[PDB]
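This document starts with one chain, in the form solved in complex with its partner chain, laid out as structure tokens.
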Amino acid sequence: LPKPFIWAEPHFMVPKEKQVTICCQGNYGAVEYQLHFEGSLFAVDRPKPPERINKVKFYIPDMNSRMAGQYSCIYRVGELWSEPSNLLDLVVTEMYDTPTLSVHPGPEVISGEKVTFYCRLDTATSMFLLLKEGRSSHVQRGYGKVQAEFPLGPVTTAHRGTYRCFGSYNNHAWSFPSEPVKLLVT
């Protein structure tokens, strides 16, 4: 059976109390889809009639930390189950508080210079995220009591852009985003 594909709409980073749909694309004619969450059965969809369906939607009306974590799906044709989809990380954001983002040496640098970002949030855990706007798949994770560092190394113009950081209350439960810091590389 083709491997199913799993994604979140509109996005996998969902503010608290906002909605998300988890989509699972299987195969036309598949008769049962399961959505798994962290090793448990979260929901089942049984397409009726199945011959017109290759994907199923699971709606979450009000996002919270108990529904944040890893999801996967599988589907069935006759007695045979597909292999699982890749894992979807569904993350709740805007939890509790707002961190401060800083940068060394500063926001304006020349190509070649080493840049470090710093994310501080005293009321959170030791795990922090650095997010370049536009590039959620390249989110960097850092570890530190009170604050974490994110060394970029020697930068080029590829590193130019707008950054925000998050503190975390668990792996999938993140703070409000920091105010943005623009990195200018000349």
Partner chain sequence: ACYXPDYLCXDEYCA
Contents of the next structure:
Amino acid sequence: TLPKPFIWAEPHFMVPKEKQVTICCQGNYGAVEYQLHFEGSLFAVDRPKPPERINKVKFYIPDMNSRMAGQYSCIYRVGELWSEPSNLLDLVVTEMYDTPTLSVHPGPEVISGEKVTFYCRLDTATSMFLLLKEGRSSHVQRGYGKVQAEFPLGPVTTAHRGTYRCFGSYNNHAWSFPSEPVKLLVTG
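Following the display of the form solved in complex with its partner chain, present the structure of the form solved without its partner chain.
The text that comes after this line covers the one chain and nothing more.
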């Protein structure tokens, strides 16, 4: 019938407080109404006009705050029928309260083969920490620990090069400021 919609965040799902993010929803060409839902509520509506050559709509967020951090989904309509919900997208708010420290073992310059571990520390937060690697091989890892979490990389390759920052969290959707960055240099 109607293909499952797909949503994603731009530039990504990690949104500094007071900053802006957009959520795209892909439905289907000719779809006449798109709704963005946030945790059981209607967040926003788009009505493509003309709809024939449109299969994606953009939902804007001007002013990120803690109350907009949570789970979103999108549905769309062609005729009278609504699609199934999209994948469920989590937005988080960052730049929240305190700043964590990030350290690296054995050090920020290594040769391929050396085992590298990052440690994130933050004093008055939950047990959940996040390690963010920036750039092209850019991704977020979640770890747990009391006041400090470890993030073992194992034996590194050149693939591990990059700039790391870490976050603490006050809840699963509300994160600290990012740590000062650590740039991991890997030879060989």
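Positions refer to the first chain, counted from 1.
Visitor: Which of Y71, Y118, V92, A124 lies at the hinge where one rigid part of the chain turns against the other between these two forms?
Guide: Only one option sits at the hinge, namely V92.
Visitor: Suppose I asked you to quantify the rigid-body motion between these two forms; what rotation angle in degrees does the smaller part show?
Guide: It comes to 21 degrees of rotation for the smaller part.
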